[PDB]
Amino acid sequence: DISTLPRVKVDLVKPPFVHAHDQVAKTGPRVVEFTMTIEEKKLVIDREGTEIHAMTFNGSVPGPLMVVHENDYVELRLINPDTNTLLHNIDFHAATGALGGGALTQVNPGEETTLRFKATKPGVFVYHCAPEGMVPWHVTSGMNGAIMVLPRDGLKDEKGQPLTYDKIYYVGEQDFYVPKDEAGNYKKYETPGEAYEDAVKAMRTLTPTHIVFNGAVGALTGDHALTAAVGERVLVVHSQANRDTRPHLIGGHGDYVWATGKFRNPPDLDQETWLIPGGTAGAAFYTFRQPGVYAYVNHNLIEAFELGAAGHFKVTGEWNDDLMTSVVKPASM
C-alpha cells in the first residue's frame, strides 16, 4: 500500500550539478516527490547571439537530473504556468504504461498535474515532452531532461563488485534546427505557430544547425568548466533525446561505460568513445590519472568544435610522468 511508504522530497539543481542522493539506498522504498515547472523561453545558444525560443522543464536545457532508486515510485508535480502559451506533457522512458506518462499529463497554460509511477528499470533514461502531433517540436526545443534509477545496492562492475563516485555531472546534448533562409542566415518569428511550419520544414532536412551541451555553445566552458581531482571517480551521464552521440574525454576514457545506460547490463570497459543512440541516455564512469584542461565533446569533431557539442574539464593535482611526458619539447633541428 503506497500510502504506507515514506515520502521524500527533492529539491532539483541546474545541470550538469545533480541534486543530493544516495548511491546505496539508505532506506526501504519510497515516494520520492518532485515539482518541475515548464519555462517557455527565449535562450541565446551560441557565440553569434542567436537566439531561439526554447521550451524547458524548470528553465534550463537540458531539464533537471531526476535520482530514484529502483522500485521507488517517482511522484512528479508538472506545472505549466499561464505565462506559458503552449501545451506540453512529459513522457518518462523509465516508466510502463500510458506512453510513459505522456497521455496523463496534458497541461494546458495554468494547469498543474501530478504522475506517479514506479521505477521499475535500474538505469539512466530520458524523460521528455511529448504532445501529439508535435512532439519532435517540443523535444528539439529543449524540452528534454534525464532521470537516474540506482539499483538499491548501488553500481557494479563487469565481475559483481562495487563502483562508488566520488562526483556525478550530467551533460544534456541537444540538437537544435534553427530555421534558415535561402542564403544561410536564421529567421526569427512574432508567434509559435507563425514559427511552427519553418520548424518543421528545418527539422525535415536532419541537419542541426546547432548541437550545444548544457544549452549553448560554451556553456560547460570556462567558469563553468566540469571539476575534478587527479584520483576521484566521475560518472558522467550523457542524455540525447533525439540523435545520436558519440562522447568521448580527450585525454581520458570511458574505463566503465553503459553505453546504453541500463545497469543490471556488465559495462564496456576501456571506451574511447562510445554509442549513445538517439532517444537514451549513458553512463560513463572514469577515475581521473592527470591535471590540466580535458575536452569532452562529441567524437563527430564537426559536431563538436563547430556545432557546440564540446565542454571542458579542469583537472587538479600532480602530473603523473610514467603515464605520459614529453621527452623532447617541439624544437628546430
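Here the rigid core means the biggest group of C-alpha atoms that line up within 1.5 Å when the two forms are laid on top of each other. Numbering follows the first chain given and starts at 1. Compared with the form deposited in another entry:
Residue showing a CA shift of 2 Å or more between these two forms (rigid core superposed; candidates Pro192, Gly252, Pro151, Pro208): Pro192.
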Contents of the next structure:
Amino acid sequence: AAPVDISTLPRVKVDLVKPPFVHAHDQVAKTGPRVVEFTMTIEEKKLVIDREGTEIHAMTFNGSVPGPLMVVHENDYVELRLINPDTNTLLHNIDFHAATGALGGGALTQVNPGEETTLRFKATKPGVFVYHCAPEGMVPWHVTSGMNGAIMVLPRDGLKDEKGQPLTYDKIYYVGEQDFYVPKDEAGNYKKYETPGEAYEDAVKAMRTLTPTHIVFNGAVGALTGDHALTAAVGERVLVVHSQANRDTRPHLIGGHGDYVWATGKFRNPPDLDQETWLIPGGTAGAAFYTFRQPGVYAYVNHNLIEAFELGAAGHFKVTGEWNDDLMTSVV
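Starting from the form deposited in one PDB entry, produce the coordinates for the form deposited in another entry.
The next block holds one chain only.
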C-alpha cells in the first residue's frame, strides 16, 4: 500500500531509430529494473505512399510510419517525453497498450501544437504491444494516418520456447502494417488537400467503407523491397515484430515459416510452432521467430494475396548462404 520510491532507480536514455530497424538493446537484461527514457516528436507531414506518387497528410511519431519500436524489459518503467511542435496543426496524444490506466496514457498525454508532456508507466506485462494516437472523436483518423507504432517488453531473461528454453535472435526487424483510406473524387482520382483538417469529412467517408485503398509495410508500397529489402543469412535466427493498430492481418514468409510465433504477442504464453501463416488482430502486435535454412529471395506478406500483391502489404528478404538440396531441389 505504501508508495514505491522511483527516484532510486537508475536511468538510461534511448536513441530511437527508424523502422524496420530497432534501437540498441540486450535480450537478457544486464541490469535490474530501470527507468528507460524516450523522447518522440510528433510530425505532421506529406508522405508518398505508392509508386504512382499518391500523397497523404501523414501524422507521425518521430517522422516515420510506423513510429519507431521502443524496447524495454519487464518491470522497467517507460518514461516518454512527447513533444508536439508549434509547426503542427492538430491535437495529439499517445495510447500504450502495454500500459495500465488513463486509457493507456491517452488521458494524460493530450498535447496541442507548442506543448509537450512526459508520461511514465510501469511495463508490468511482457510482450510486443501497439501504441497509437487516440484523440477523442478523431481516433481512427489519426491511427489510419500512420500515427501508430509498437513497444516490446522483453522478459528479463529473454525469449523462451514452449519448453522454457532460450530463443535468441541474431537480428530483429519491426514491420508496421498500415491500412490507408485515401479519398477519391467523383472521377475516381485520389484527392489532394492543403491541410490535414481540410480532408476530415472525406477521410471519415473513406474510412466508413471499411475498404482500404492501400495496405503497406513501413509506410508505402515497396518500402521493404529492392535496396530496402530485409536481409539475413542461412543459419541466422530472426525475430520479426509485426503490428496492425486498426485492422486484422495474416503474416506469412513465402518459402519459410514462423518457427515460434506469438500471434497475439504476449510472452507469458508459449509460442505456437511451425506456423505457415498467423493472424494478428487489428489493434495487436505479434512476433515471429525463424531460422533461415535456404538462401535466396523470400516474400514476407499479409496472406490475403490481394491485400499483399495489389494493395501493397508485401516485403522482401534477401538471404545469403549455401543452397540445401536435401530440404528442396528440382529433379532433372
